[PDB]
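Asker: Residue-level listing of the chains:
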Amino acid sequence: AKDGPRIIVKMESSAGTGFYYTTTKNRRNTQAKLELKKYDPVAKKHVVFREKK
Amino acid sequence: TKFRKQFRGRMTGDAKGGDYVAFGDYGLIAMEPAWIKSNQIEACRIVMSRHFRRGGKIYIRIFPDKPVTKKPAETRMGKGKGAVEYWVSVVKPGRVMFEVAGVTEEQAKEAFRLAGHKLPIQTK
Amino acid sequence: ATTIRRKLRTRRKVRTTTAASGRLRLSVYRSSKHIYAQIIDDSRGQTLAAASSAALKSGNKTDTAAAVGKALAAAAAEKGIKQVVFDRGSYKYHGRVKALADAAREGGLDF
Amino acid sequence: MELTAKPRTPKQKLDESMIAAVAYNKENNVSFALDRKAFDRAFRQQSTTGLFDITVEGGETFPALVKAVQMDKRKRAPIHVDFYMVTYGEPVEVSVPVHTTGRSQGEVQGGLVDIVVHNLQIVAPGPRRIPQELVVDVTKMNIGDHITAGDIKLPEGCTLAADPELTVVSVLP
Amino acid sequence: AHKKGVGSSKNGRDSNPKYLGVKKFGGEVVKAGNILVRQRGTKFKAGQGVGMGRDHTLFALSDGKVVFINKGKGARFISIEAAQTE
Amino acid sequence: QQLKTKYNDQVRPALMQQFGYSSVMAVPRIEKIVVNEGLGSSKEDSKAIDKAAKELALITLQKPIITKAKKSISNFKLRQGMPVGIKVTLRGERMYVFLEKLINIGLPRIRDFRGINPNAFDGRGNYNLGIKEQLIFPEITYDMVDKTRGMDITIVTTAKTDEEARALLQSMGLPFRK
RNA sequence: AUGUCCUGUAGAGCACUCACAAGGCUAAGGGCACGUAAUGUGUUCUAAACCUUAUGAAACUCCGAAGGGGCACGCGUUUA
RNA sequence: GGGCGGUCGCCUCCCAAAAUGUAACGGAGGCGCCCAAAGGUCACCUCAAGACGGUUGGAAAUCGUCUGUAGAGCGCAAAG
RNA sequence: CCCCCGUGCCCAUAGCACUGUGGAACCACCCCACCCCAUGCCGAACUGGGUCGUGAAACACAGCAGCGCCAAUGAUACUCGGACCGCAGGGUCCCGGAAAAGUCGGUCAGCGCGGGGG
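Chains as they are written, first to last, in the entry's author numbering: chain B3, 2 to 54; chain BN, 8 to 131; chain BP, 4 to 114; chain BW, 1 to 173; chain BX, 2 to 87; chain BG, 2 to 179.
Among the hints, erroneous ones may be present.
Stated by the list, open to error - Far from chain BW, some chain BN residues (derived; all Cβ distances over 12 Å):
hint: 1; residue: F10
hint: 2; residue: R17
hint: 3; residue: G34
hint: 4; residue: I48
hint: 5; residue: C51
hint: 6; residue: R61
hint: 7; residue: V97
hint: 8; residue: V98
Said to hold, decoys possible - According to the in silico footprint, chain BW covers these stretches of chain BN (three or more CB under 8 Å from chain BW):
hint: 9; region: 52-58
hint: 10; region: 71-80
hint: 11; region: 105-111
Calculated directly from the structure, the hints in this document are not laboratory data. Where a beta carbon is used, it is the ideal one built from N, C-alpha and C, also for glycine.
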């Protein structure tokens, strides 16, 4: 599914002790690298989620 | 001289139609969808105007329908191509109706000319 | 705008008393004259009695709604007296929706 | 010019000389018939012009008119048309024709006989009758005159249809 | 693949309509009207939609589920004459 | 009150003095007012027009929102939330005492200003006439100012019939096409 | 036999779709014209198109069925 | 028919033969998305479009208005 | 039997226009405005309190065709079916189901349903 900074985005969250990648994307309209969030993880409540690699 | 594009299509089928009207003078109707080769009706008025007059205008009640798609003949075992034929097809509609007098239907006399089938004139 | 605006809540209201029928209806009228109530149980019904003034008469809008919310919250509620009810909420929420419903459970009704 | 007949079926309606016939007078339906000799005295000179009688087999006497014209599609064997009879309190269909007659003062610049091919007019008539008296086709065909449909020599009263502004005879040589 | 003009060589496509419950027939929560694969609840197929209509049916059992926003579902309280119990 | 009164008892009875009406409130009231202007986003691609936005509220304060026309252009301009407009609701009683700065000022200037509107009127109490690009006010610098209005004024008045549309609107104030 | 619901062909018909003929009118329209501050003055013709006159159709609209299915009431031939 | 070309998955139907209901070197529009939001809740607002004359305003973009089988639009064919 | 805030049935045999009228109990305008509510701006139809005034188009009632709107078994158009003219259409009869416009009429209904009265 293509590759080479042009179209499409390849980002995918990160949450501590709440093991889950969120596994979805959007696009680089908003800032790069940094990517603040919130939202539910495994279950329980909402957990970390702050994005990184 | 009919549509200007708006895609090809059309199919077949014969019967009669619907386009007959009580004429004011001296009518004329088709009788089923006879034979007129488009490039026949492309010689319908001019043949009805050899020299009827310098000027002169009346009324008709039809218009070229057509396309047919004939295709070459190198080996007919395929799909199609395009029209390249053309035809009108009608019912028993009016198409002439003179308004003079002594002439009566002189131009509805050699109308039957380009007419392999039967097309009376009647009157109304 | 009323006989042109008022159309938002009508059939959209009756969709809990007709989608459950476990809650009552509710008239609700402006007029700013008298107050009344006059409710009917279940969307498949529309006939019941009520009352009138002959109580405390001094016209108002705010403090006059919460009144019948208990002053007459059983006087007419014969059948069952109380049995899971829901308010109408035709228009907005000036306070007549509050001081009425917030004075509804005052005397009776389980909302 | 008599009546009788009856047949509730299209049997004697498709057998040499005859017709089909229709009637719906006040408490008088049924589908008669009658032959077809001098049965083309409609659009000739009797187009609502005058109203005789008929002497039907048994009772009454209804004058009536012609109820437009129709002849036959393509051929000339008038398949069943219609027939109005003044005895109703609301149908439509009026027969107020507009002809073409004369020497055609078209040889002024260029133009032939008054054409017209239609078979429909802006008309109306209240009750049900359709008198016979109107022209419209003539009036110095040139420019700064014209003569169509919109008011003219109009039957009796005013007109009612939808939008009074058809086309009909006109000029344009 | 690859194509051009003066020729073409493309496929075509449809799907299965499959109406299912066939009017006055028992009831339960069958299905009927795959006008929209997502579908939705219905309870009791009265036969709605724009304009006056509604399928002459009346035959209680259970829920229903049907069509799209095209015509109409039902959800009506009423068996057919029954109303008391069963 | 002030004008409202020289409107409640002055240009209110006059109508009945001429020819009455079935009501003591039959007479036309202050139906609609508004102002209307905003000649589209000229100065800058929408970012400097703000220095022509607040300029609408150059007599009072009531933060106008400019509105938008209808998005369908993509010729001239126009998008999902462009300006192109005006409006704003600011009637009231002072609105009467606002005619004090309306049915008064302006006339004393506006080029070859002599009279106000040559008939025209009719149909409604909203006769469409007004402004060019003049304020007539000095209540601020007016040097630091550098815009350019245009457009007019509408203000309806619940005056359908011509002899109301522009009837009262005659003995109404004084500055007018005499 | 009968109860009950629908599909909407065939066609009518037309008013959202494509186009159709004639008249009134339409030129916010365009140009032939001694003009010439929009040109106020004036003119001529489709043309969009409203009404009227009253056009077509597989892919048209508030119309409308044969037929068919669903089950039900009941038995005539037979395991349907 | 060899076969260069053209064909190889999904989706709109026309023609499909008013329930399902096929084909085709018969025909037309594309794609293997979007979106932290055109998602859920509550609320108010009818869209293109003409006319009234007034702004940088030689149409058109500004606004008030009646009309509006509402002819908008609702994320990109198509039907509903 | 009275006028009358109102919930359905409904969905143009209640779309608009003409006459006039009731206001005190029905209903409109209004009044006062800072505060609950805080309206793209203001508080004007969304606001808190009400005794002037009036009911004027908007609120009501019957007469009320200018066109709509319901408008028929009856002839046509359409059709499960039977032999045929006959060229596919198209067409005769037998022969059931059985559009629409046109024929009249009527249209500003009507019944239960919570009331302020002589």
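Asker: Each of the hints needs a verdict: does it hold here or not?
Answerer: Verification of the supplied hints:
1. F10: holds, 24 Å
2. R17: holds, 24 Å
3. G34: About 8 Å separates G34 (chain BN) from the closest Cβ of chain BW, which leaves it inside 12 Å; violated.
4. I48: Holds: least Cβ distance 17 Å, greater than 12 Å.
5. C51: Non-interface label on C51 (chain BN) holds, nearest chain BW Cβ at 16 Å vs cutoff 12 Å.
6. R61: The claim breaks: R61 (chain BN) does not keep its Cβ more than 12 Å from every Cβ of chain BW (closest is about 6 Å).
7. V97: violated, 10 Å
8. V98: violated, 7 Å
9. 52-58: That given contact is violated, which follows from only 0 residues of the region 52-58 of chain BN lying within Cβ reach (below 8 Å) of chain BW.
10. 71-80: Violated, because only 0 residues of the region 71-80 of chain BN bring their Cβ atoms closer than 8 Å to Cβ atoms of chain BW.
11. 105-111: With 4 residues in contact (Cβ-Cβ under 8 Å with chain BW), the coverage given for the region 105-111 of chain BN holds.
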